[PDB]
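Colleague: Now for the letters of each chain:
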Amino acid sequence: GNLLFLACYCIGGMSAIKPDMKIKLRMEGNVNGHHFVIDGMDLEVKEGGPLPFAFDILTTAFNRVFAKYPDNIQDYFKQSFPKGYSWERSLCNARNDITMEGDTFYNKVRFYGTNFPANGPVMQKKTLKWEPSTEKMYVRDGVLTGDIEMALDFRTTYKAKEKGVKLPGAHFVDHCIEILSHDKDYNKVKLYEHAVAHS
Amino acid sequence: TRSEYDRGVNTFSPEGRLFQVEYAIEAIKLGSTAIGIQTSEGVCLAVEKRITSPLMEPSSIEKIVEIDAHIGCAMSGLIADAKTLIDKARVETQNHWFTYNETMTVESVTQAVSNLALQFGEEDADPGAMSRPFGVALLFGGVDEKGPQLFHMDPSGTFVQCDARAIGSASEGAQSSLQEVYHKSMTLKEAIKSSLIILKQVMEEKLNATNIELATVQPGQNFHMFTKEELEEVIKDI
Amino acid sequence: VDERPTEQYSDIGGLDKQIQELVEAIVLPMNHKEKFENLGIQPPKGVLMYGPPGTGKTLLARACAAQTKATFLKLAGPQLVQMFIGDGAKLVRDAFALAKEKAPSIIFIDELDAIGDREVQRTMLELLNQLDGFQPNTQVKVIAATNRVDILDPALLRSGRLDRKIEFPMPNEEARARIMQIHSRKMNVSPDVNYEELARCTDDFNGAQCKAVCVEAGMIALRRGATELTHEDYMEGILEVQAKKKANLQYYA
Amino acid sequence: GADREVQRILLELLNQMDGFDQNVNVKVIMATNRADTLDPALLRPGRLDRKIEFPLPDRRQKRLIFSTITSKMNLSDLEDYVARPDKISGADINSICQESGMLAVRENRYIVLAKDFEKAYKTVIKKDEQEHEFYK
Amino acid sequence: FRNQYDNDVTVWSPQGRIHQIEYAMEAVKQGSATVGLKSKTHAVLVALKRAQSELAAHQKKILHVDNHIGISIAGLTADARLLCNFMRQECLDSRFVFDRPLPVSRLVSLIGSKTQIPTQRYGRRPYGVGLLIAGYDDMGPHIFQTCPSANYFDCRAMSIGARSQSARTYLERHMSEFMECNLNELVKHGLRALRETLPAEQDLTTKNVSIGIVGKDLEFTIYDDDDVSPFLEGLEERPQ
Amino acid sequence: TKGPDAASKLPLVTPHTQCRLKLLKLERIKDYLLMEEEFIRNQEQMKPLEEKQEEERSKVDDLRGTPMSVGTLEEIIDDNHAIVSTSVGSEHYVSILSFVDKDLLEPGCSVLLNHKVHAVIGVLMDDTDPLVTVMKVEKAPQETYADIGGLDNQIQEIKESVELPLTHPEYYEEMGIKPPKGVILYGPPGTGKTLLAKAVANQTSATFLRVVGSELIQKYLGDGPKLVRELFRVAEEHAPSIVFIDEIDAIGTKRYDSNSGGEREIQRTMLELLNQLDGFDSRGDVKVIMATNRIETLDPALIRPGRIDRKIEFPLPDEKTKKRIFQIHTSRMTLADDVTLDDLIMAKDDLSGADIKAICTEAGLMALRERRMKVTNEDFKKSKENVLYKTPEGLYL
Amino acid sequence: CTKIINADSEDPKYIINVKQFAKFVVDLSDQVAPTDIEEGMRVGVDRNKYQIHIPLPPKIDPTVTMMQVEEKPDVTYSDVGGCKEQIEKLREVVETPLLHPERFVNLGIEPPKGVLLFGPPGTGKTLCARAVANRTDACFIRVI
Amino acid sequence: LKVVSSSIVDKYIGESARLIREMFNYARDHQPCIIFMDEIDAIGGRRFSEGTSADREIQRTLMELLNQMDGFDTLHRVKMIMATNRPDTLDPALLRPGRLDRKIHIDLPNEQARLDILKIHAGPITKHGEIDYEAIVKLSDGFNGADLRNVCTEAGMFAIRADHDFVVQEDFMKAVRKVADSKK
Ligand SMILES: Nc1ncnc2c1ncn2[C@@H]1O[C@H](COP(=O)(O)OP(=O)(O)OP(=O)(O)O)[C@@H](O)[C@H]1O
Ligand SMILES: Nc1ncnc2c1ncn2[C@@H]1O[C@H](COP(=O)(O)OP(=O)(O)O)[C@@H](O)[C@H]1O
Ligand SMILES: Nc1ncnc2c1ncn2[C@@H]1O[C@H](COP(=O)(O)OP(=O)(O)O)[C@@H](O)[C@H]1O
Ligand SMILES: [Mg+2]
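Residue numbers (my numbering), protein chains in the order written: chain A, 1 to 199; chain B, 200 to 437; chain C, 438 to 690; chain D, 691 to 826; chain E, 827 to 1066; chain F, 1067 to 1463; chain G, 1464 to 1607; chain H, 1608 to 1791.
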């Protein structure tokens, strides 16, 4: 009853710090059956282990980088900066998104597909190379559409966030994309994105 | 909270128990074990010594005493309490031999010792008497008109005729062993052998001359304690 | 803070007048607060109810809570005598507030409790001051079950504080009969049993004494060798009950 | 623990007042109603050099108290009231005067005199025994 | 502790009781059951003798005090023995001074008066022994049940001790037949009541039971294992 | 695991009269110490060995960065990510780099993390915070069983508890009795409990950890139990080891319902100590020794047979033990022939080992008072009541 | 993580206590569904948005802490003594409903849902259950 | 500041006097404030040197109150009310003037005071025909305030036993009877 007790005190130190938020350049896709996500220009598949399809079906979807243009040809890719350019890629369709999720600057290259043939050449993982392909870039309805023939149709649409940059004339840019270095399991990949414009 | 009732002999538990007398009962187990066996040819008492020093004179430790030539006693509990009880027993026997010039039944001996007991909560203690329960368990043996008779007396004043009873420190185990050992056709010699065996398997130390006191009562002779040579004789066979 | 005490009034028995009084003390004013405001009077905030410890003062409280389907608080008197200061300094206040936000609620304080010696003073003072310190409309009611009516603080038993009064008498033979037949409703008991004989053989056996006798008849039918729940285990139960332990003490004649 | 902590406070007070590191030009004043219960270590020279007793006003002191509290009083036999033997402190005198003023306010007269001043005097020093006569 | 009101017989409970008295009442329950019956002309006390060990005789529960009055104990050996000794002295003095046997009603009233003093006065413990008195007087046989609360009752039959409720309800059931039985049927009824007290695993053997019978021309005599033997031949089998 | 510790030099202590047998033995020891010094100074004089791998180590260091913070690996996840707590108390879900020893990762071992973007980049098996490093005995105390007088039963028990399992233990499992995990010495102050602990730490073959009991309690939240855990982890790591916690009642008091935060933390620290005591099997080669004066005030769970089986009693010295202690402490004195020392022992008192040591010291001081060093019997006569400060006379006779 | 704030797909925020650091009301990352997040589970979150990025179940393994660490105890009915009435009661508790469910079923009585074993420490209680745990043909669980 | 003294005593050693200091500091900050310290007998219960810890802490709290009340810092525009049921156990230092200059005996109601209580508390209740205070006053001697109000309360409750919408003289009569019986 006659307790009347004193009291001690044990403090707990507390502190933390938000680091420099790290940009993860990750692409996601569910083209045929697998929710594959890859980090990356060295390529490494995060989830969606050894792909049921070949890598090439998705190698064409890979801001911050743009093709090399001469001084004669207006470089819509370049002057669209600092914001960059958002494109719609039709193969299966591909779109690039910039989001702020969590503490990672997400440069999504979100992939999606359908109409996978039961014996199509894209899933047996056979692959020789991608021969140099010329994209004819021209303006249809205020959107920079690039028509390219796939050799191993592409209906690329490029829109700048700065909707004031003048549209370049219809030219023919030669892309040469090939899977430089990889592994058999295709989990440690190095990609090539060389491409130069030609009038 | 039991504690409010163990203070005083005149208190009733919620279960109506006598905690003070139960503690007196437990006080027996502090004493040494005493075994009495009853058979047709007589009654025999075996008691340990629980000697503390070899210098202790054996006669001074009195774990068996004779109330009368025909009746023998064993006690387990407070030695002064036991001596008062035993002196009262001898006085009451002499009283009966004065009034009736006859030797009483051992049942009457336990009756009168019981009236000396269970007087703790009696108003007759005005001149001076026990204000607490007696602290010794008793074992009466003898031979009367009913042949051999053995009784066990509880400090609360309870008395029971027994064919064989073990009290004291090792009461429970010794009683359990005798329960299987005992046969109603026990002879005196085999009874004493069984008692010494029970002591051997119950005693803390080896059975020698100076650890066991032994007494016998038969209809023919009187109370007889085994002398040094006699106890040596009864111990050489075992 | 249980919300469903799971009673239909079909579980408790022998308190017909008690349940009627309790209903008209709590739920009838709660249901008919309009009729009370018509009377130009304040409905009772406090219902003090008392009885022995074996008369199930909580099973009726749970029955009331289930009937009124409201939130059910529960506080214990012997819980409060220890834990020194804080008995109502941060407990009764918080409990009453918990009732307030989680409406409708039926606060419960069980057991008598004494109603050095200075902490219980603040306990009852906070009890009274915050039972008064609340909304007059009285959306939430309080049931106070005590084991005796010997200690009575006039401020607490006064009007407004604890107006209604409920008494729990000695349960009778019919109360027993109904209570073991209710407790054995989940039993595959043959009708050969004489619940009336058991009830008349359950003298002094109030309430909680069933729990003992009825469920121990159950586990004795288990102990009987999986025998059907006939009298053959039930009379053994009534003989065992709280006296099942045999002291087996000597020095008794 | 509680008594130990209180005695720790007292010991710290002692060791600070007259401990190892002596203080300079730091005069302490401590007031108490029951000096006889103080620790002797606090009641020794070097710690409490002077133990001044403040007894109840005695006659002349009572007159001084009445005068100095009646300076703010109204014009209004204060000398006889002083002469009356009553063990009353300066607080009681201040009471008496304040109560006299309060009663005069009640009766709506701005100068107290024998009636209300005497009534206040009775009200203040009640000392009503209510004592069973078998004690005396 | 809110139970400071039960330490002595001189303090009333807050609700108006002497909890020491109730404790004494509960005390006798620890004793073995014992049932008393009375005929038109004879009175019988049947007690379950309980032994501390099977290596010893059973505790007696049928004390004889007078050729017309016998008693049966349930509870403390000390209190019961003091009561029995006081009975024997009282009967001795009554025969010495009056030359007539002690009336049962006066004997029981003297019991009430004697055991009330410990209940009322500080000192000696309350007499915590339930006594069954089977006596004979002008109105025939009398059965008295004296409770440790210094109270006594006149009952047609009585079972006091361990698990006495079974025999109580047995006698309630057999109320209708008691007054017209002779010795055999009433002895069997008492034996059956004791069997009701006893659980199934135990039976009323020779060493287990003690019977004392008194009457108009037959003195109160207590039977033993050999003597009880005829009375247990008429006993039937346990209805199990 | 690693091996034990507490290196000590030669006992010497065979001569004491300073008869150059001491000088010869000490000169031999000094010569060996000189060869130590010269050998290592020569080895550092010429020892060219470095670089070799270099580049891979350089790039792994670049990957690790600078500085690197150490944390406690509280839990592990799939073998690329883990849960690591900084010394502040915050723990994070971090990644595990390839160059870490996945076998070494266990709950508890200190992990080197990256300062920015925390990630397990190393493992430190020798964290051993400065406090627990201090509690580990380095220099064995000079006292030994020769210096202990009496307490032969106590010495026997302590050796049967902490030495016999350390030395040949086959008797233990041969009888099948588990070795006594932990022993508590107790008794009145200055009986020799701490002295016996010193003697054990002298004649030892295991890591001896000295603790104060009150040392374990730490201000910051969770620092107490963390330090206790670190102490016992060091004990296991350097097993066999002996953990001596003097004055166990600094925390061993009866456990009661805590109210304030500090008392809750004390309860947590004792709970962690009890948990660590239960954690290691008695078959393990780590034993604890706890000494106290107020044995009656200890929690009756710390001294459970399942936790601390033994309970060594240190009673006040008997007359023979008193004379033994007097002989021991008077060994270095130059006593005269008049002294007897028997009168002091025969006096019925409550002298202790500390009391006898103080009596000897005060007798020496009294002799120094008279400008002498031979110390008469009168010096002891005065000293006895000089140091023994503080039944009503003829009541008992 | 703490109270769910009754999300229902429109208020998915939860208040989470980061240890001795503060507590924040935050939302989910796109990679976790609300079904994986519930009150009282450890969650790994980012550092500026504090979005719950991945639930972190504490895992179960006898290696950590102490656990049942037993399936068929080696203590048999011959290894227990002094609790004959207690072991009999325990038998009625566990062996009769488990290995003889038919008698409880046809008796129409719910088997004993809960039983408590109270006594002074060191009486033997634990191993007694362990003993029946060997003879009940069921795995023993020790939780401290 | 409605303060009850029994609610400020704490096991925490220096917290009760701290609470008193906070109360008076609040009063000084928020003039004009009224300090109503109910049940002051639970704080100022005379100073004695028996030495038990609890009563010693009580003395410390009492002297903290005495300082906060007539201490060094003179009080302006703050008036205190202290109610107790045992005035005779108050400390003489607290009882002295300057602190408690008036002692007001709010005693048991007299017959006139009783009837005043009934008539004032009779307001909210609706009366049908006739209700007399005098009979209730005669039949309720020894009553003090709240109990009288109790008489009204259950009377309305009585009105629900036979399901009225009003009160009657018999209603009040049996109500005061029940109140008196409960008071025994
Ligand atoms: N048996 C002994 N023989 C010789 N010296 C002893 C003996 N016992 C104690 N001493 C002396 O007592 C001194 C103090 O003893 P120690 O530090 O062991 O005390 P302790 O009994 O552990 O007490 P505490 O823990 O209360 O401080 C030792 O330095 C030693 O000189
Ligand atoms: N009519 C009844 N129906 C169901 N249970 C009852 C009834 N009467 C009594 N009980 C029993 O009483 C017990 C509760 O006792 P309770 O009255 O709460 O004691 P107390 O008044 O001391 O707090 C429960 O075990 C319950 O089964
Ligand atoms: N009935 C028993 N049979 C066998 N050993 C027992 C028994 N009771 C206690 N013990 C012994 O007691 C020790 C501790 O028992 P334990 O089960 O840990 O106690 P608790 O019941 O408090 O957990 C065991 O090592 C065991 O050897
Ligand atoms: Mg020491």
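Since the hints were derived computationally from the structure, they do not count as laboratory data.
The beta-carbon is built from N, C-alpha and C at its ideal position, and this holds for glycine as well.
Certain hints may be false.
Unchecked claim - Taking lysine-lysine and the DSS-like style, the derived pairs with C-alpha atoms no more than 30 Å apart in a straight line are:
#, chain 1, residue 1, chain 2, residue 2
1, H, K1790, C, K602
2, D, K805, H, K1790
3, C, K682, E, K855
4, G, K1482, C, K682
5, A, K18, G, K1522
6, H, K1785, C, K602
7, G, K1522, F, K1292
8, C, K470, H, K1686
9, F, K1168, G, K1522
10, G, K1547, E, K875
11, F, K1447, F, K1386
12, F, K1091, A, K18
13, G, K1486, C, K527
14, F, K1118, A, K18
Stated by the list, open to error - Cβ-Cβ distance ranges computed for the label pairs, FRET-style:
#, chain 1, residue 1, chain 2, residue 2, range
15, B, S330, E, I943, 15 to 21 Å
16, C, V518, F, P1255, 37 to 43 Å
17, F, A1212, B, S252, 34 to 40 Å
18, C, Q457, D, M792, 57 to 63 Å
19, E, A877, B, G346, 16 to 22 Å
Colleague: Are the hints correct? Go through all of them and say.
Modeller: Status of each hint after checking the structure:
| no. | hint | result |
| --- | --- | --- |
| 1 | H:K1790 - C:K602 | 14 Å, holds |
| 2 | D:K805 - H:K1790 | 44 Å, violated |
| 3 | C:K682 - E:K855 | 12 Å, holds |
| 4 | G:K1482 - C:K682 | 53 Å, violated |
| 5 | A:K18 - G:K1522 | 28 Å, holds |
| 6 | H:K1785 - C:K602 | 12 Å, holds |
| 7 | G:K1522 - F:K1292 | 22 Å, holds |
| 8 | C:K470 - H:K1686 | 42 Å, violated |
| 9 | F:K1168 - G:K1522 | 19 Å, holds |
| 10 | G:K1547 - E:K875 | 28 Å, holds |
| 11 | F:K1447 - F:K1386 | 19 Å, holds |
| 12 | F:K1091 - A:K18 | 65 Å, violated |
| 13 | G:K1486 - C:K527 | 24 Å, holds |
| 14 | F:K1118 - A:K18 | 39 Å, violated |
| 15 | B:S330 - E:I943: 15 to 21 Å | 19 Å, holds |
| 16 | C:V518 - F:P1255: 37 to 43 Å | 40 Å, holds |
| 17 | F:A1212 - B:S252: 34 to 40 Å | 37 Å, holds |
| 18 | C:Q457 - D:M792: 57 to 63 Å | 59 Å, holds |
| 19 | E:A877 - B:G346: 16 to 22 Å | 20 Å, holds |
Checked against the numbered hints above, the structure breaks hints 2, 4, 8, 12, 14 and satisfies the rest.
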